[PDB]
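J.: For this one, chain X is given, so just place chains Y, U, T and S with the ligands on it according to the hints.
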Amino acid sequence: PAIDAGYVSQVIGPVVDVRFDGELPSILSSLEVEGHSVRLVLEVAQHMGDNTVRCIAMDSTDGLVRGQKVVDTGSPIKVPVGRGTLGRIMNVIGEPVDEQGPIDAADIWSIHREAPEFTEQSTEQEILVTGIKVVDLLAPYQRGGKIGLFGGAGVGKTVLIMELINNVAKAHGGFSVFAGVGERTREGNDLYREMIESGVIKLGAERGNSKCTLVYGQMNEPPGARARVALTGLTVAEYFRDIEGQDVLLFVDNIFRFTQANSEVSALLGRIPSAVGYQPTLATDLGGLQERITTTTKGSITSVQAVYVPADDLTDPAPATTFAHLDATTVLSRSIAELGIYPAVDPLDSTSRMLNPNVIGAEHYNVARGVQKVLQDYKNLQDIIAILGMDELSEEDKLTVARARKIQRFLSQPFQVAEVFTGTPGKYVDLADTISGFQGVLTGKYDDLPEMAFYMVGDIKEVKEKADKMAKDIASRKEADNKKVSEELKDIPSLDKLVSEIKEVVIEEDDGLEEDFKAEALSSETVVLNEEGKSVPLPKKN
Amino acid sequence: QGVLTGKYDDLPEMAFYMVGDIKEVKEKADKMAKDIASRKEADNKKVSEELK
Amino acid sequence: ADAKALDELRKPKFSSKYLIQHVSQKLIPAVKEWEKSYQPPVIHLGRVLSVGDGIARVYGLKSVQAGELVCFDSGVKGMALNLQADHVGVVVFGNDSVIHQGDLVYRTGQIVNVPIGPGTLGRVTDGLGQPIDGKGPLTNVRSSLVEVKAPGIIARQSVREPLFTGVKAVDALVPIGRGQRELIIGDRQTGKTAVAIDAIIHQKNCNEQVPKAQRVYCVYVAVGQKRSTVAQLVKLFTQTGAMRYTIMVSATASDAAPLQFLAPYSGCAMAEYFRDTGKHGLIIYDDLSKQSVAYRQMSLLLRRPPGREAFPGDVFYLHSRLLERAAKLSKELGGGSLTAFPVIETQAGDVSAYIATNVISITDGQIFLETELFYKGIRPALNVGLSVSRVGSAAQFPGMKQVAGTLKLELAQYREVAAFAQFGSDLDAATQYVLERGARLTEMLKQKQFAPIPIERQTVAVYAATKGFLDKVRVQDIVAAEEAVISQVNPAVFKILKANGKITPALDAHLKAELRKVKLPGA
Amino acid sequence: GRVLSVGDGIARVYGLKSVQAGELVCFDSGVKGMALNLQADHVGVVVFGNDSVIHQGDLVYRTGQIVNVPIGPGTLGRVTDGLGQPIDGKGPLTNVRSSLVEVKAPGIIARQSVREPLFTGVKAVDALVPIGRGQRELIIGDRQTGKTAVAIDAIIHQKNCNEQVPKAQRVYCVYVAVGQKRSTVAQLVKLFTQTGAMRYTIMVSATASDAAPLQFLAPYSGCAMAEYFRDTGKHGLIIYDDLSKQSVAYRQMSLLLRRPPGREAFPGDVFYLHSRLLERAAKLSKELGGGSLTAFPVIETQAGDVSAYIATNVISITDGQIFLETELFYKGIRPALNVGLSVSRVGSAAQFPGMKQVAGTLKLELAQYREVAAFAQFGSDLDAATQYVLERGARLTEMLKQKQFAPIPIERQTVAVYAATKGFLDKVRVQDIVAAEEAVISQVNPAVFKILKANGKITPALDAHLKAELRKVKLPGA
Amino acid sequence: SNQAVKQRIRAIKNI
Ligand SMILES: Nc1ncnc2c1ncn2[C@@H]1O[C@H](COP(=O)(O)OP(=O)(O)OP(=O)(O)O)[C@@H](O)[C@H]1O
Ligand SMILES: Nc1ncnc2c1ncn2[C@@H]1O[C@H](COP(=O)(O)OP(=O)(O)OP(=O)(O)O)[C@@H](O)[C@H]1O
Ligand SMILES: Nc1ncnc2c1ncn2[C@@H]1O[C@H](COP(=O)(O)OP(=O)(O)O)[C@@H](O)[C@H]1O
Ligand SMILES: [Mg+2]
Ligand SMILES: [Mg+2]
Ligand SMILES: [Mg+2]
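As given, the protein sequences belong to chains X, Y, U, T and S, one line each in that order.
Taking PDB author numbering, the leading residue of the first sequence gets 33, the next gets one more, and so forth.
Taking PDB author numbering, the leading residue of the second sequence gets 471, the next gets one more, and so forth.
Taking PDB author numbering, the leading residue of the third sequence gets 40, the next gets one more, and so forth.
Taking PDB author numbering, the leading residue of the fourth sequence gets 85, the next gets one more, and so forth.
Taking PDB author numbering, the leading residue of the fifth sequence gets 39, the next gets one more, and so forth.
Calculated directly from the structure, the hints in this document are not laboratory data.
Take these hints with a grain of salt, some might be off.
Below, a list of computed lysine-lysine pairs in the BS3-like style, where the Cα atoms sit at most 27 Å apart [said to hold, decoys possible]: (1) Y:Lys522 x Y:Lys510; (2) Y:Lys522 x T:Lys541; (3) T:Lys506 x Y:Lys510; (4) U:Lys537 x U:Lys556; (5) Y:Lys522 x T:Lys415; (6) X:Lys405 x T:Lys415.
From chain T, some residues computed to sit far from chain X (all C-beta separations above 12 Å) [stated by the list, open to error]: (7) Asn121; (8) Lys188; (9) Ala469.
We put the CB at the ideal spot given by N, CA and C, even for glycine.
In isolation and in its complexed conformation, chain X is listed as follows:
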């Protein structure tokens, strides 16, 4: 009973050394610390060499004493998978963190597995309509593809991932997994409560009719928890792909936080750091996680990952490494966002493998390439326009600057999830309407319309509606002079008649501060522990 129950050798932050006097646990095995305040799971990372394993803590190590009994579980971190996980919130180690009781486990799968083989792969390219103009036009999504949203802290990739949830995850009739990795806990509560409202998550005895399962490793978690919670969400998605055999939607908010968490951990593991500050194993840790997120021949996973860029730096090694793992990379720019254009999608930096005329049709492809040609030509003109003004341009250049400003504003779109703070109701723009409208603005059918008629509208019917409305108003600015409903006898009381209906409050004068406060008696001397573990005052010597 002593063997294969080892003891804590040294504790450095998220990283625990445990010495096992016989038959060491394997790498990736799960170990349980006995006597901690909470459940502390340690995942074995390395064998250090002297009957010592090197572990990663899945919770805080504050409170670990250097002899503590650590129990090997003989297997990796196994999380509950199945249809009974639908509608629940899980953490990194598969525990319910939504207070709905224990999780109905059809199976429990380890969170570490290999990627599917080369024979298992799927080469099928059908488009996924998102109802977003810039996404559907310029970098269209694949229905079994890895999709990345690249952004720089405040450019809108959580709002884009929520709009993609709202548009896609209702028509798509499968199950969803939301793996929240390293994001705000407030946003996890927001998504959970809005999914209970729209009936995607159902509580109580209706729980089996839920469509989404949430796995959360948010930014208050230690680095070991945020480094493995994406693997937990992957395991929940891979059960539905491999065993239920059906389509999954996996949304991962900030897969960068996985890399950042392993970079926090890797400093204390005794590794020589790679470029900018990262672990030497950035590409292989990221690739081992990303190659599990695929569609095989037996099921589909449509993946949407938000990717954070660290200082608006798209050449940082974590974004530059994760660019090669995606089928559609939607890059959000801060300069686009500062012009008020939302979604702040850089149209000359967002790519897809679907922008291919043999896949989307030559009409869509030619419109998209013509839109990109006009935008790139304006980008080449902007250095002249900023200095010499638009008065120095050619008439051909003035035409392409006007058309490119119109197609820059037309790529912006109101979102249904943004209407609670913008106030403008959102529009779902169909793909045929997107192609037709952008073709019309390309050919010069809508040069009659101003620039701001295109800003934050759905499709080209609404450009002409807004262009009639902006023009029509250009006159109507007055005749709110008299003939009011706000003179003194319309339905109005007097002001003192309004004062007496005020519910007077009683101000309590005592702050309620010592209601049930148990003040402990602080000592005016530092009380410490002597050699016998007994509480004594600090001895008066230096």
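T.: Okay, now just chains Y, U, T and S with the ligands, sitting in the frame of chain X:
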């Protein structure tokens, strides 16, 4: 010293390109002048009734 | 030398003991004659192996917890960061010039904790909870940990209550929810502190008009500031009366970088007392960009590998595990809240810095304060195109929400036509209208220091500006015009607007009536 | 040998005292290894696979042999991993023979000069930066330019030429896919099957989930599979897709074998990493068979920054350079070849003689196009011959555009640049020069392409016949 | 990429 002291301003500047010395500049300037004054030699023939 | 071959040396294989017994009769008398030179051996206590750079290596301390307050015998506290096989690396909350090699380290049995409670309310403490205001020890207080984990998903609810700041720009444009986190990001000397000070003074003004549970108890955490600045701020909070509700934690520029790293966690543990018992807290981390610099100092002195700009790599986790404790709790947890105002100084307006973009992707919004608006005298210099608060929106004052959408739209069009014409020669006379209205409104929103306004006197003041009622006044006398409007409007309508929550149509009628008998100074 | 420690794909091994440097070792878990740094107290072994199955005290056996891959004509058609083992699900490699992956490149006396042309089918390449057999050419560019698409078009085009050439001058292609997705390379096996290029193609696939020593070693495995055709008198075409992803796999092992880092973190020997590999692409002498191996390393830059560490190494190793620009990509110019920065050091030595006399004029005019458009985009003034060169250079820029997977043979490329440089595509509007030139290939007689293929050169009896045939075509716009 | 910015400063200053 010729090019520097204005001595060869009568020549095209492309007669200086990829030549040996200053006499090959003059040997290329007149060669170039004959070549572009005789562009108009093949606008009337070789379209039909050639030598077979 | 294999461990298979070092394991067989536990078994005795000497086959002759002619000097086991020779020294075992002689070892104790030779040890006894050197007892003047033996320091007493150490097992559960600690002895300092080596101290330097504010990190001591401590031999022994066999039963210390990781992350625990240790006490050096000179009375300086420490924190056991990394327990190693041979030593314990402790981090010294103080100057290491008083720790010697061979000093005794005492375990205290408790992870790093500060005094929290009702009795720390009013006091000025250091980064670890000991008072520095000189008025004695912290009484009516209890000890709680500084590295509590933030509440989870199920322990929260969305922010609903509207947390008035007293700044017209903030309460109209960038409104603050009560469990929200709002970054005050700007350059040096752009009025970052002034917004947070105005919020604290306004909570003092509102705490005496609300019934005992809607009161907000502020905490100001001053990290890396000067001590004279902190003394002047305590003088201001005392003379306004705001020190009745404020805790003031200060780890100043002279203090050790562990104390500056730890002081926001100490202040957060003190304000989480008010979050956890159903009350509402306000916490201001002034220059979280200095806590990041102190943590970078600690990490490079611990020889951890530097990452971007030199920062340790867990400098995101430093601020994320700090600001995630600013929450709004659910009704099963009491319903208390904690609103955070992190402050980040920016160098030359570079929002794309490391710590700046870290804290932007933690907080629920931003308040950008520009040097080009601050030099022109537009104070608070709030960048309206960049400032944002999405969690506090549709959770603000309802009358201010009825008025301020027109204000956000009119400042938007003012920004558009100033983005078109930065030089004045081509006047459309409808572009001149939106220029005059925008110049009226940006004179309306700018205000003076250390005098926050109640929300009904801001609602009426921006009601009188987003409508007509001020176009008589030209561009200069608007600061006196709004004071004349606040003065000459009959003060019953402020009581109806406060009590009802929004402008009712009877109140809109009386308000359109009352804004016509106002003697504007521009005439 | 006993495993002392294990972690991060490195196992420090006690014992193994007679092991060689670079020798394959075998763990008792079945997973292989390679002894990379032999030290006085232990062996540093990089693990060919997942290191979770290796424990402390596991037994390591040395195989006696340096790392080797199966080479031969039985690898043609198959999709292997970073060392030989086929991953396409078609059983073992029949008709194959093992040989080492680290072979010394042929020396001075083992070569001859690069004179035969390698037709890629991309006319921006085959005109302006032409490629000979035995030449290594860097395809360097930014993130999503047309880098793979240039290299896939060079492979598909060899299928179109192999049906038409005799058996001796057929080019057998090898595509090494380092660090890519596994479904990205499944899209290429599907493309090489439905074109038919998989009859001549080997794919060496070390994807992103493979271990870091399998991606470091896969360019050497693919070079060894392609050196079979070089050493036995045939012709090979190796494409190392992202050598910039091989060096990241090399940096990972070097930093975990505790070799001290250098520039950006890279080991000191990372120039020797790639120059060992690219110098194996050679045109052999006729004593050795006359065989050839043509390399196309791919390097990805970050923001068009070719001043990086791995970028400046491979620019210094390879002969030419095909620099693809992301700003030229979005202007419509696809292949996005920067004609001002793209070089070929073999040059006019090994291009098509029928296009040597046409594409000399083409780069002579496009050099004149570049500086005049920098001035005329301000919109100052224009000069009726400065107006000619930015109107002619727009005829040539649209001429060198191309679709995705249609390599144009060599004769239909040189007729099209003939019709663009001999004035036949003046007064045709710039929007449909990309649409006129299908008529210039379809309406011009299909038997004039045979003469320029058989002569290899525009004879005097052919320019007078072809320019008579470029007048009986119905051009759009006009 | 650090010398693209220095020559762009050169261009903007000469303009
Ligand atoms: N709203 C305001 N109206 C008038 N003056 C102001 C206002 N806000 C700040 N000031 C003045 O501007 C100066 C800078 O204010 P403040 O200290 O708030 O900026 P800061 O961002 O804290 O600078 P630092 O961080 O360097 O201390 C102060 O001296 C103050 O008097
Ligand atoms: N000549 C071309 N004409 C039209 N489209 C092209 C051409 N070449 C490439 N593309 C398009 O550009 C996209 C990128 O091509 P490619 O896959 O070659 O990128 P890459 O340079 O290999 O970058 P990465 O290695 O990151 O994929 C492809 O989806 C392809 O459709
Ligand atoms: N489509 C949109 N419409 C309006 N505002 C948006 C939109 N997308 C983003 N924003 C603004 O950008 C801010 C940051 O977006 P968010 O997704 O929260 O940032 P991040 O990209 O860091 O996750 C939001 O608070 C919102 O105000
Ligand atoms: Mg986010
Ligand atoms: Mg300040
Ligand atoms: Mg590629």
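J.: Taking the numbered hints from earlier one at a time, note which ones the structure violates and give those numbers from smallest to largest.
T.: Checked against the structure, the only hint that fails is number 5, while the rest are satisfied.
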